[PDB]
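Student: Below are the chains, spelled out letter by letter.
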Amino acid sequence: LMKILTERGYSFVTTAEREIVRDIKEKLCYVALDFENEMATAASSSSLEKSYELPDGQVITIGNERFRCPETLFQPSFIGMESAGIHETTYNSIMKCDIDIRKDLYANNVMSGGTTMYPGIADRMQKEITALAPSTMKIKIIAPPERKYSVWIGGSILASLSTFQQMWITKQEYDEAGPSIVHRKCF
Amino acid sequence: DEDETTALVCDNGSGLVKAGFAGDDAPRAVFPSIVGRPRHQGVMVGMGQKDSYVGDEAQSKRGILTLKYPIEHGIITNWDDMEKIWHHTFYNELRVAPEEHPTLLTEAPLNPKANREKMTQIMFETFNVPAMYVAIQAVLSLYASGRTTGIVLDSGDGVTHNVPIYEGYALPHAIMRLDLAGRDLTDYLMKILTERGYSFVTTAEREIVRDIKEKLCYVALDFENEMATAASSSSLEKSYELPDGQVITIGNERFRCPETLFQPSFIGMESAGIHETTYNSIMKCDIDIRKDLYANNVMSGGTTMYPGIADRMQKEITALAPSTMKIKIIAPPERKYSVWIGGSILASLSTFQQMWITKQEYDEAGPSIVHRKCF
Amino acid sequence: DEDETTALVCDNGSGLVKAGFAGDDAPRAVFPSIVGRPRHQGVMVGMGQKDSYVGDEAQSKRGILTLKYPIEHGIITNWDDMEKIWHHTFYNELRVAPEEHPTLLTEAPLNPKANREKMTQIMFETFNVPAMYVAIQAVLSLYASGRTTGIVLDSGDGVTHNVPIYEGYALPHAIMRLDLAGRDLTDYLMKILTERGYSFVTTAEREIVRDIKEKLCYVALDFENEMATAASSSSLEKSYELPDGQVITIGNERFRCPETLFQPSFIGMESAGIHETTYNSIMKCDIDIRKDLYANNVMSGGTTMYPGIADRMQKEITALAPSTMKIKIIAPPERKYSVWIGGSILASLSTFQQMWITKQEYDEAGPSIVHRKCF
Amino acid sequence: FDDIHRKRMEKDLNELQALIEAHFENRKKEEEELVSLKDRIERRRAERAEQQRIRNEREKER
Amino acid sequence: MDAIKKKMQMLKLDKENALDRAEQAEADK
Amino acid sequence: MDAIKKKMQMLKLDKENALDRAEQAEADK
Amino acid sequence: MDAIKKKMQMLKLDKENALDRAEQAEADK
Amino acid sequence: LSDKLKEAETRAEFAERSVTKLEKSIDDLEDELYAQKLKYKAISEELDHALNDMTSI
Amino acid sequence: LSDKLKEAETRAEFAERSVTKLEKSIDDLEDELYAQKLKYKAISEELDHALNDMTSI
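Residue numbers (my numbering), protein chains in the order written: chain R, 1 to 187; chain X, 1 to 375; chain F, 1 to 375; chain L, 1 to 62; chain D, 1 to 29; chain V, 1 to 29; chain H, 1 to 29; chain W, 1 to 57; chain B, 1 to 57.
Just so you know, the hints here were simulated from the structure itself, not pulled from any lab data.
Some clues are possibly wrong.
As the list claims (entries may be wrong) - Straight-line distance between alpha carbons at most 30 angstroms, and here's what the computed DSS-like set of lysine-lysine pairs gives:
#  : chain 1 : residue 1 : chain 2 : residue 2
1  : D       : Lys-12    : D       : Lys-29
2  : X       : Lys-113   : X       : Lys-50
3  : X       : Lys-373   : D       : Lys-6
4  : H       : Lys-15    : H       : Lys-29
5  : V       : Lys-6     : D       : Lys-7
6  : R       : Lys-50    : W       : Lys-24
7  : B       : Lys-41    : D       : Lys-6
8  : B       : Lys-21    : B       : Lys-6
9  : L       : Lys-11    : V       : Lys-29
10 : X       : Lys-68    : X       : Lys-113
11 : X       : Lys-50    : R       : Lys-185
12 : W       : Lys-41    : R       : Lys-103
Hey, can you work out the whole structure from these sequences and the hints?
Tutor: Written out as structure tokens, the structure reads:
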């Protein structure tokens, strides 16, 4: 986004600028379900532009950059990455598992962490995996509003679990073994 | 649940275990002879997970389990797994603890004595069964089919036994035991489906091929003519739905797998097939026995339910047999399920109550007693 | 440039392309089965630039290319890229043209039939080869090693085949085709080098890791002991210099990768390892066969060149095998390239000149002809 | 004894005809009543769904 | 076709038995 | 289905005809 | 060590074969 | 509040859009689905009805 | 804006709750659809095959 906002006449390189662009991305960007059609109109009309207010009272108006950014998730070549995208990797994580596993992983594609909050992403992914997946099979995405806070929530669930109290490395085992112990005790 | 000390009855093969109680005319439940174990390291905490899964549990959780069969070629090689199967088989589904009820287990006539001895030992020392009997599968098939005479082909997953019985007597010199079975037919299908572009090498994949075979395969009345068209045209192909939504289309392989029963050379076996195996048992019996055995080819065990097998076996024997003679196959819809049913019949015969080994005689003699008492 | 119509011989695998002419004792040239394509937008004008690069061209210009291998674990799917690989192999290296020479290609015994049909179709329709012959890699592996009897352990980049052959005959029921190969080791090493702080995910990174593996890796006779010391001391570490000047120091990953061959669970595979598949392929054969196969376990393909591999497998097979009988691995220096040599041997036999599909029979029948003419 | 067998055929054939009829008629009655009922439920739900879509559009204008 | 599966067994068995009887009835001489 | 109608009647007829033939031939023999 | 790579194969094979012969020569009884 | 309203209004629209999009895809689902629902069982049901009679020979 | 927001949040949450219900309706609907297709498929195919093999009566 900093590079394509430069194309629009608004270069962002310094710390204040880097923090602004991250905030622009979080507030303005989305993926939607069809990049080429969304681009055809965003590139042709102001009707798909959104303004962002910069800290000093000045503004920046952003058009198709709004979706071209997160589209890198489906088109990694945008940043010079040799990848087919996140839906290909989701697909391979399912496909590379045994055939009697695949059905349960297709039905339980789980969104977690950041970027899961781009509008259209939970459905965009279900569509993109479905497109790679065998027919008949149900591909389903799990994408609750507790999106991105789910790692923290699980941390709470696991840490407080009675069945997991023995999984904690105590400060006895730690000094006898050293910090490498985490590699043998946590999983 | 039971109001009498009826014997419990099981037919434990290298494939599946059929189970119910003595006196019925059908099993109440069937379990695969499978104990499954996870081949992955757990990452989450508090998700339960057993050390091993049994029967239907083993198949339901199979996505990450390696699945092993405790029985091979008719005998138990892993009895710790059979004890879990028997607890599940007798108590979890039939709801009867063997401690208060006699148990009947089955074997082929030449089945190694070690197996009947362990079956006897396990039920007496682990399950505390009040009595035991180990039955001959051929006897049980003939009881269920209403015969005292015939050649019993128990052609299942483990071993084909092929034993002639006349007027209730064994004719052991005419037994043609053959190491050709349903498990080998499955292995062949895995290899020929590999040739078609669908390799199967893992447990999940092996279980799929066994499912393909059971739903799509047949022997055909005339293999070479059926193959000539199936191998030449899509008009004899049938599809199968794989668990992930993908499909496999199968042609002559659909019948070439089952054909190994008639052409064992397909799997490197030194045999002329199940119909010559059957024929030789008739041939080796006395001349006033042969007429009744030609008229009574008895079908029990798995593979007896392939399309074309009942008609094919009668035709193949007719082709080897002398003219004038009537060759007949005993192959009703209740075919093969005759061995479980016979176990029920035998266990409940009034003429067989004295044949039960009690847990009196057992402890005085030890498990070797089965070799002296069952037959 | 040849003065005789000698057959061309080529092993077009998932790893390397080996080629030369029949009658030699080595391929004349060996290069990767790669067709590369630019992953960037051009900005300078008059720069030439191909749409695609082949073999050594693909690696030489790889800085901006994505590199693909047309052969997937032994089968050809991207026939268009392979046409380019063959054209390069024949015209820019051997300086031969298939139009003037019969051509021999090879595949594993349980390789899907589509591979043999597509290779036949392209050599006859795009290269106008006067004749074709798809050979069995197992046949060629034993010809090169000098055996009519033994187990072919062809553990290369694509798939491990594990086939017993006795007196020149296949014993196909005992073939243990396994999805464990040199290609998986490259990806596994990328993941365990990631554990060390050196992540590898791209084509360039994969080619770097394939080079690390080929130059630094071994299996060792005793894994656990080698592991215990490699994990405890720098004395078993070896550095590698990357193309960009970075240096990676590798410890127990140096053997933990290759060890996957004996412990496939490291990459999530349901397998007991290559020594057990060798063992079982022999154990499924008759006892008058086993005495000769155990004494002749024969290595072919890559990974067989790792220090400790012949001793590691012989030790495990010997441990599983019965006493008195001798167990031995044949692992000649003509490793990794021995199947090519076997191709030369087959192509040049007088007894093989009647085995060719000619470009007459081919057009009358189409490419499916290979399924009936070769084996 | 053979009268047992005759009685078995008498009950099985009286049952067969009762069953050909009950098997078919219980399904035709339940099944045709069910689709007729639920064809109407399906239509009524579709009508209500359209009406709610219209109601939502009207509120959006409000 | 459950009706057929059983009617099929009934008729094949009944005709085969009737035919076996027809053949024996004459063949016995 | 023609297969079921046509063969159920033909197999039924093989039975009826064979049954009558058995009775007839038996009467002759 | 090219000299060794081949001498190694020569001696391991020759001693293994000689040993196999030593063992068989006695073992045959 | 303006931003929360724009986000909430945008989400009111997207969520309501998702509601009318799903009510529609559901109707368009169910309606096409009931067609299957009403004809797959009626075809198979009438096939089975017919089978009782098809088998009366 | 707070009242508009509460209303927009009500609409977004109303619709989110409603879309959740609709998503559930789709999940159920698709399972019903599969049942219709699977039962239909099973019936049409069990008959094509039952009649193709059970031809001799």
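Student: Could you run down the list of hints and mark each one as holding or not?
Tutor: Here is how each hint holds up against the structure:
1. D:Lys-12 <-> D:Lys-29: holds (26 angstroms)
2. X:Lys-113 <-> X:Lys-50: violated (33 angstroms)
3. X:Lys-373 <-> D:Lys-6: violated (41 angstroms)
4. H:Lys-15 <-> H:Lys-29: holds (22 angstroms)
5. V:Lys-6 <-> D:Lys-7: holds (13 angstroms)
6. R:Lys-50 <-> W:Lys-24: holds (29 angstroms)
7. B:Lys-41 <-> D:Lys-6: holds (23 angstroms)
8. B:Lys-21 <-> B:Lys-6: holds (21 angstroms)
9. L:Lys-11 <-> V:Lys-29: Distance ~38 angstroms between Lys-11 of chain L and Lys-29 of chain V Cα, so the pair is violated.
10. X:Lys-68 <-> X:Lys-113: Holds, because 23 angstroms separates the two Cα atoms, which is no more than 30 angstroms.
11. X:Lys-50 <-> R:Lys-185: holds (21 angstroms)
12. W:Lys-41 <-> R:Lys-103: Status holds; Cα separation ~27 angstroms.
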